[PDB]
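A.B. asks: Kindly produce the complete structure, drawing on both the sequences and the hints.
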Amino acid sequence: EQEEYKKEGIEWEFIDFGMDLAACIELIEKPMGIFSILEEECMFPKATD
Amino acid sequence: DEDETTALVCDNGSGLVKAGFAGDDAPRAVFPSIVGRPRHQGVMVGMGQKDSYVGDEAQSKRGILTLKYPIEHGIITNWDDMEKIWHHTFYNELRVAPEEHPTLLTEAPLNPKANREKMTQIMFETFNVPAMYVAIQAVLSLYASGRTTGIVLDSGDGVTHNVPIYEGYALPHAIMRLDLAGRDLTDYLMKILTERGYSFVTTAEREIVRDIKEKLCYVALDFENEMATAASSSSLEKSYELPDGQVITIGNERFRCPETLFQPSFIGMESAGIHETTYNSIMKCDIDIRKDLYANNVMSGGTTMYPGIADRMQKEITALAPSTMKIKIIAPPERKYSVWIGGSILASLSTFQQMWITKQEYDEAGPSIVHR
Amino acid sequence: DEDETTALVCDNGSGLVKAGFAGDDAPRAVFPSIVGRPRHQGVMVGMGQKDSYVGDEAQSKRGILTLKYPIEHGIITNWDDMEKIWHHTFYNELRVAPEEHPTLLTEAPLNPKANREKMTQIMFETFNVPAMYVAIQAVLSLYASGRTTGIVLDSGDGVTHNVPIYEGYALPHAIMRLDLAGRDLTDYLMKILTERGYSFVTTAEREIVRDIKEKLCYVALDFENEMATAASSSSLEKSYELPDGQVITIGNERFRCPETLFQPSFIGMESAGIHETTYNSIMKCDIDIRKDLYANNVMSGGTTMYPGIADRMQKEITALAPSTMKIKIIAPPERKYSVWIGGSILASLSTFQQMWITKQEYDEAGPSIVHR
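Protein chains in written order, with UniProt numbering: chain A, 500 to 548; chain P, 3 to 374; chain L, 3 to 374.
These are computed hints drawn from the structure, not numbers from a lab.
Wrong hints could be hidden among the right ones.
Listed below are the simulated DSS-like cross-link pairs for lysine-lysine, each with C-alpha atoms no more than 30 Å apart in a straight line [as the list claims (entries may be wrong)]: (1) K63(L) / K545(A); (2) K545(A) / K240(P); (3) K330(P) / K545(A); (4) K240(L) / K328(P); (5) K317(P) / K545(A); (6) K63(L) / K293(P); (7) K115(P) / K52(L); (8) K286(P) / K240(L); (9) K328(P) / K63(L).
C.D. replies: Quick look at the structure:
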């Protein structure tokens with residue numbers, strides 16, 4: 500998008516549209532996130548769902 | 003994989019270091035916890051002057067060096083000599099560069115706050131590891147036996163401990179330490195075996211008394227009518243062949259050595275013994291948690307490997323515990339590495355990633371960060 | 003259905019909250035009336051820092067938190083901590099959003115005018131419920147036993163009450179409050195059981211004395227020649243097995259604990275007891291209504307569940323009442339939830355719709371509106 504407004508010369512500022520999703524992703528893939536908690540407990544010989 | 007492969011687990015002991023990669027089933031590296039310093043100037047053929055020696059080269063060359071033990075009773079007493087054992091572990095034993103490997107270390111039961119901060123200072127500031135973590139030893143042993151509440155009798159080379167753990171938190175005020183372990187036990191066998199009319203005269207005689215203790219020693223149940231049995235002289239006796247022919251016989255003393263763990267009085271110790279101490283730890287804990295601890299006496303450590311240790315302990319605490327109670331003494335086969343294996347599991351785990359102390363945490367929070 | 007399904011019934015107690023949907027036969031949610039505040043900084047594995055804990059998580063984690071009871075003797079004493087228990091009830095326990103559910107609440111017998119206005123202020127202004135209503139507890143208990151005139155002996159965890167009700171109006175000047183209930187009763191058993199030669203030492207020993215009180219305690223009729231019976235030692239004794247094996251025996255004390263409700267002197271209380279108090283309430287009422295109250299002694303509350311409570315009360319007041327009178331002690335089986343069930347009935351009722359205080363009434367009349 501930003502290339503056009505640059506090519507044309509329009510003056511439009513905007514934040515990455517991805518950013519909106521980073522919240523969800525971090526929660527899953529980050530260290531104290533779901534997977535981790537999931538993969539840690541897997542190390543506990545006597546853990547439960 | 004980045005660190006799935008890459009996590010290191012180093013268990014620092016009073017007698018042995020156990021080390022390797024999180025993921026493996028057993029330690030890649032096991033070696034004495036010594037640092038030898040040469041008493042004289044000179045060289046081995048083909049080598050240069052060496053200022054220091056560590057592990058087995060210090061043991062093998064002990065006649066020309068002054069040997070020193072960095073960890074007295076599980077606590078690091080000399081930090082110059084410990085950084086030497088770590089250096090050896092990373093660079094020579096595991097041959098890894100530490101600055102790209104997360105490192106899980108272990109500490110002892112009531113390890114002073116200041117030490118956990120100091121080994122963190124040395125891990126991050128002189129070895130530059132990406133991230134590290136210090137687990138308490140009994141806690142890794144328990145966890146390696148699947149569970150989270152139980153009481154570990156942990157016994158290695160310089161210390162014995164009882165660490166009651168509840169849903170993962172080791173209970174500070176109920177932990178007991180008994181300074182008599184496998185080291186003390188080899189020296190007592192030594193005397194009851196010279197006292198059997200023998201001589202462990204050269205250093206090749208000294209060292210192997212320890213290999214006698216490991217191979218032939220027993221913990222008899224009803225140690226009472228086992229001495230009585232000794233006397234009728236059954237085929238209870240056991241002869242070991244020395245470095246040479248010199249067939250030495252050990253019948254009886256074979257079990258008089260681990261009876262030291264129940265009777266410290268055999269060695270001029272006035273402290274209570276292993277089973278009473280298991281128990282006392284337990285009547286120092288909350289009331290509602292005592293049925294749990296009793297059904298989960300997990301054993302770990304080289305000195306708890308004597309066969310029939312578990313049966314003697316089984317009957318030792320049944321007969322001290324209220325009969326309404328269920329006793330249960332878990333002693334797994336890999337127990338000389340429980341601690342390490344518990345670390346391997348935990349550190350290779352999917353959920354542990356979010357507890358690693360990173361250089362980001364450290365450079366920003368000071369050693370306090372990992373200290374918890 | 004809009005609100006047929008939708009009416010909530012929350013009974014706030016000194017020990018327990020009972021909650022659920024008008025329509026149900028019993029509370030969907032029952033849990034301690036505590037709010038725990040952590041004594042130290044730290045976390046559980048996988049959770050964040052929690053400022054506060056409520057209900058069972060506060061009980062389970064009591065060793066690291068300072069526990070507080072918002073309702074002292076049936077009256078709300080801390081409004082910051084009560085709004086916390088309500089929040090927990092709606093959002094976590096019943097998992098409903100409150101702003102679309104009418105809420106029937108309960109208050110105590112001579113609940114200060116200002117409180118009934120304050121919980122209305124918090125219901126409408128911080129929870130934004132559509133409509134609400136505050137019923138008096140004894141009054142819901144009576145009504146749940148079908149009737150409209152009777153006298154309720156109500157006894158739970160922190161208070162006992164006698165609330166004479168006539169054609170629905172609880173009689174202010176005849177109500178009696180006795181501050182000795184199930185809480186007091188568990189602590190007295192505790193001592194007569196340690197006094198039997200025992201120890202409730204850890205917290206897993208403490209908690210279960212209360213489960214002994216509930217399961218094995220009795221109210222004997224002729225408590226006189228029941229002690230006498232104890233002595234000849236019949237098969238009156240009763241052994242309970244603890245969290246572990248430790249089989250504890252309780253023969254006699256089993257009934258010495260509810261004899262405290264008739265004799266407060268067992269616990270250094272100088273107040274009169276349950277039966278005399280039933281009676282005194284009654285000779286404080288109008289003369290013409292006393293035959294009604296006597297044939298309708300409805301019992302409700304956790305502490306009135308001790309078997310043989312009704313027979314002892316039956317004979318306790320027959321023998322104080324003029325012989326021309328009919329005595330009748332109604333004690334239903336669901337009585338530990340009478341209060342709640344009376345609210346469930348009433349609030350699901352076809353005619354109650356026109357007594358709900360709506361936000362229209364409130365935004366227009368101030369808290370005064372519901373206060374009556």
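A.B. asks: Would you mind marking each hint as holding or not holding in the structure?
C.D. replies: Hint-by-hint comparison with the structure:
no., hint, verdict
1, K63(L) / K545(A), "holds, 21 Å"
2, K545(A) / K240(P), "violated, 41 Å"
3, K330(P) / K545(A), "holds, 16 Å"
4, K240(L) / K328(P), "holds, 22 Å"
5, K317(P) / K545(A), "holds, 26 Å"
6, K63(L) / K293(P), "holds, 18 Å"
7, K115(P) / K52(L), "holds, 25 Å"
8, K286(P) / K240(L), "holds, 29 Å"
9, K328(P) / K63(L), "holds, 25 Å"
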